[PDB]
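One-letter residues, chain by chain:
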Amino acid sequence: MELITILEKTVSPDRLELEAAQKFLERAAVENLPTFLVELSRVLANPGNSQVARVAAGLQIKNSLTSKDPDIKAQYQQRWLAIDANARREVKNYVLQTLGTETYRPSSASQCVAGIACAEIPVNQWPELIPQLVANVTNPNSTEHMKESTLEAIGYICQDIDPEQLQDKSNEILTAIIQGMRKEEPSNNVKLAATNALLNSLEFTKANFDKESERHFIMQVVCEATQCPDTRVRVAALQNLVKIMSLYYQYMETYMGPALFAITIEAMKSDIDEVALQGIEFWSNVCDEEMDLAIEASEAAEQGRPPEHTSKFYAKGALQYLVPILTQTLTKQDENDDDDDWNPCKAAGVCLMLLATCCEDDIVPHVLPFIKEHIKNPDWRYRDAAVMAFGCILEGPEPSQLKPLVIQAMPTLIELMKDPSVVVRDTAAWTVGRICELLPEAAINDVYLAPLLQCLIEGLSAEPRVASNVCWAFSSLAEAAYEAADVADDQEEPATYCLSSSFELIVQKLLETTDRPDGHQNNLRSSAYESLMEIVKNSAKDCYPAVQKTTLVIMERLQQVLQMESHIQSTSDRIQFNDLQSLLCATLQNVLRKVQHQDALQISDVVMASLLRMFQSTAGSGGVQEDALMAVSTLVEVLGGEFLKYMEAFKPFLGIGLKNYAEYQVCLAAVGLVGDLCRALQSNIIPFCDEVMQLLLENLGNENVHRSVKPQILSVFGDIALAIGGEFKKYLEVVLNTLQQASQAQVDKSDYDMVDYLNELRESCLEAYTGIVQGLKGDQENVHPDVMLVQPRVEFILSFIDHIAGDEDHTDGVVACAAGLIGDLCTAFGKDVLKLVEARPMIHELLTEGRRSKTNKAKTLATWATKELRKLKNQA
Amino acid sequence: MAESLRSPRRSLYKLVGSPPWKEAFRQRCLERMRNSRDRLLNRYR
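As you go down the protein sequences, you meet chains A and B in turn. Position 194 (the first sequence) corresponds to 268 in our numbering; numbering is contiguous. Position 5 (the second sequence) corresponds to 24 in our numbering; numbering is contiguous.
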């Protein structure tokens, strides 16, 4: 606080008295920054200042110039800068002996000095701190307190400021810090501080590493620093070998083998957890880097150019030393644990999982004997290790080689799922879930499908830890059975389904598990509802009455929530009921889309009533309206033209939704509903379309919406033009100019996100124009005379598509939309467009290349356009 | 074939590995809209 106050702390330290004295700080001292450093700069240099008082000064100093938000104290840095006619130059005389005084800790004084120095370095007008620090690293006395506090301050400075600033004297700092990196200093703590400082200085030392002269010595010192007695400098040295690996992989071929290899293998073999964990981290990072390099090499091979970064295959080179020590680590499972601390065995598991992906199919021979032999060990440790390891290697090797192992190990897994231990059952459930999720052909065999289903349905009533896996095991299995349908001749639905006999029992068991009193553990309830949605989605032609029963039950459950929706006492109530209502609405949509047309009629009334009553919600909130809008967006499509009766009550709520631009999530859903979904009303939306068009124009005027709303609005314009058809007059002049003006926007190639965003805007305008032309022309064989109003605009459309064709950063779809837009102009007029096209042959490139495009839409549209054009030019 | 995402090591353990269902619904609805629009456009040929 103050010189008068700090001496009182030395005599009588307290807690309430310090807070009482701190009241005047923010009132006077913070504002009166000048002639306030002087009083704090005359106490803690004195050895008579007790630790308890110096810490109570350092804490308040650090609070005064450090904060969670930087800029509010950058203002303090600016206020401090104006005082540098005394500031930092008077405390030069103070810091030189404030260090390394009294009790053997930095007492947060070094943290205070770091504030001053990180405040100065953005201006760089007073470099003299660097000699003030480096002088006492080679000083004759070299007391451990001074050296350790100085190196700790250097670390603070390196880790606080933006890395770009400190490059002015990087070489000197690097040369100084390595002097304290030597074991020749008798003090052990100085080694700890030196190792800590180097870790944070790697950010900006790039100019030193990029030439061998210093780097060879640096690597020698760092690697020799691992052969050290103290545990803290061992772990810190390995922690400095990692994050050296990630930053400078390219140079490692001279160091990794002779030095890093043996020390890292011995580290993984270490009995103490820390060193083994650091070795696991190192060898995980090296294979992460090799995976990225393999991805880049694949990209270069696809482009045909040689790769710019050749891989050294460190992880792939050495497996016989890695796999056995890795597997043995899994045997040291903690008997009782909270499953939250990063135990070495979990790291070993994730490292082996990464190794499987990086090494691909060479991992199998090294790990197979352990899995085969220890799977039946009476020691539960080895059973857990064998089951846990087997589930990690599922990725990587192709399913052809892994198929026989799964086939001949499935009988063991089912009986392994029941075990006196709990962790064995948990890991068996995890393994079987991943097996059925990743290798569908292995789990689709009927040799053990019935025992597998029986065991799964029996385990669905078990603890949430295994139930959360049995859900998502039923999923990715039901879908695989749906895909592998015995006959799928018609596109409508598979006539028969491998799960047909058990399907109703599966649905009943899922319903019983959904409302368990422990559904919140491991998000069991949400997983169960998602699994139920996936089950209903992939239902067969058969078992429809199970869907009918599910509809009745889910409708009973949907209206049941409406009471607790009102009876709210806490935010968690809102969280839980919002999640429950969203899941209920999604399941109701997914189950309505499946039932027969006739069956939906008897439920539509109650569905719409419940939906409209729920839509009131909290008088408006993005967490509720989206679900209702999607549900209606499905009901209107499934029901068809009968929606006319419900439209009258619903439309004011739609007019609420359209104006919700503060929440773009509701806006896009409402616009989608307004589009082809509401288009099913055909020539009956005419009374309602006026306010809809007004609101859409307003959403086109207000420039606060998300960038993705505009294409949906253009698509809605096109759909409305298609729907109304012959009564777009007094409306076309209002939208044509808007889309004309919008279409000419441009953005550069600095980010390909902007490139494909512009591509979406292009295609959305293109399809809007196609819809407008189709709607104006009508389905009649003769051309309606009202189409003449768009005639003067055609040349701008051709110029716009030519401007699209000028750039070559295309993707799929735009070519098909261009073909569609060109294929109807000939039908519209047939006498003039044949001579606007030929003046600019650029579209012939799109047409001819479309014939060979890689997608059905583009091929069909380009063939149709070419047939339309060629059958009109022949008449000449 | 690689794919997936390089999540931090903390959350990579015993993961369910399922994307959020809410974002999937929007993509599914967009695909449905595109398919319906194409099917309606096919009626004129």
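Hints listed in this document are in silico derivations from the structure and should not be mistaken for laboratory results. Fair warning: there could be bad hints in the mix.
[Claimed, not checked] Computed list of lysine to any residue pairs in SDA-like fashion (alpha-carbon distance at most 20 Å, straight line):
#  : chain 1 : residue 1 : chain 2 : residue 2
1  : B       : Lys-33    : A       : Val-498
2  : A       : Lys-851   : A       : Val-864
3  : A       : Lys-784   : B       : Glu-50
4  : A       : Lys-668   : B       : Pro-38
5  : A       : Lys-668   : B       : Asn-61
6  : A       : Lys-611   : B       : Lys-33
7  : A       : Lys-611   : B       : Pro-38
8  : A       : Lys-933   : B       : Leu-60
9  : A       : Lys-933   : B       : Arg-56
10 : B       : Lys-41    : A       : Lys-933
11 : B       : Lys-41    : A       : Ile-445
12 : A       : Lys-851   : B       : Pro-39
13 : A       : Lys-611   : B       : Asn-61
14 : B       : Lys-41    : A       : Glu-608
15 : A       : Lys-941   : B       : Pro-38
16 : A       : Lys-931   : B       : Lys-33
17 : A       : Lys-668   : B       : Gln-46
18 : A       : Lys-668   : B       : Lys-33
19 : A       : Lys-492   : A       : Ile-445
20 : A       : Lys-136   : A       : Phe-291
21 : A       : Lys-257   : A       : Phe-291
22 : A       : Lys-928   : B       : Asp-57
23 : B       : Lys-41    : A       : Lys-928
24 : A       : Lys-933   : B       : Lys-33
25 : B       : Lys-41    : A       : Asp-234
26 : A       : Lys-933   : B       : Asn-61
27 : A       : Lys-611   : B       : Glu-50
28 : A       : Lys-933   : B       : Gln-46
29 : B       : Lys-41    : A       : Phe-291
30 : B       : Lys-41    : A       : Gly-696
31 : B       : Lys-41    : A       : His-594
Hints, verified against the model:
no.: 1; hint: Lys-33/B to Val-498/A; in the structure: holds (14 Å)
no.: 2; hint: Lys-851/A to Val-864/A; in the structure: holds (11 Å)
no.: 3; hint: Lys-784/A to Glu-50/B; in the structure: holds (18 Å)
no.: 4; hint: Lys-668/A to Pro-38/B; in the structure: violated (24 Å)
no.: 5; hint: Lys-668/A to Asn-61/B; in the structure: violated (24 Å)
no.: 6; hint: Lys-611/A to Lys-33/B; in the structure: violated (27 Å)
no.: 7; hint: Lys-611/A to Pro-38/B; in the structure: holds (17 Å)
no.: 8; hint: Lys-933/A to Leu-60/B; in the structure: holds (15 Å)
no.: 9; hint: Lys-933/A to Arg-56/B; in the structure: holds (17 Å)
no.: 10; hint: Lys-41/B to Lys-933/A; in the structure: violated (33 Å)
no.: 11; hint: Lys-41/B to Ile-445/A; in the structure: violated (39 Å)
no.: 12; hint: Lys-851/A to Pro-39/B; in the structure: violated (44 Å)
no.: 13; hint: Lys-611/A to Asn-61/B; in the structure: violated (27 Å)
no.: 14; hint: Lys-41/B to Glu-608/A; in the structure: holds (13 Å)
no.: 15; hint: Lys-941/A to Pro-38/B; in the structure: violated (44 Å)
no.: 16; hint: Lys-931/A to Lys-33/B; in the structure: violated (41 Å)
no.: 17; hint: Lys-668/A to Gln-46/B; in the structure: holds (19 Å)
no.: 18; hint: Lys-668/A to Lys-33/B; in the structure: violated (34 Å)
no.: 19; hint: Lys-492/A to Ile-445/A; in the structure: holds (19 Å)
no.: 20; hint: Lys-136/A to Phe-291/A; in the structure: violated (37 Å)
no.: 21; hint: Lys-257/A to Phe-291/A; in the structure: holds (15 Å)
no.: 22; hint: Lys-928/A to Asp-57/B; in the structure: holds (18 Å)
no.: 23; hint: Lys-41/B to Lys-928/A; in the structure: violated (30 Å)
no.: 24; hint: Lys-933/A to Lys-33/B; in the structure: violated (45 Å)
no.: 25; hint: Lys-41/B to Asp-234/A; in the structure: violated (40 Å)
no.: 26; hint: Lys-933/A to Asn-61/B; in the structure: holds (14 Å)
no.: 27; hint: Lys-611/A to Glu-50/B; in the structure: holds (16 Å)
no.: 28; hint: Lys-933/A to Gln-46/B; in the structure: violated (24 Å)
no.: 29; hint: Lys-41/B to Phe-291/A; in the structure: violated (55 Å)
no.: 30; hint: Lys-41/B to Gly-696/A; in the structure: holds (13 Å)
no.: 31; hint: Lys-41/B to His-594/A; in the structure: holds (19 Å)
Violated hints, in rising order: 4, 5, 6, 10, 11, 12, 13, 15, 16, 18, 20, 23, 24, 25, 28, 29; the structure is consistent with all others.
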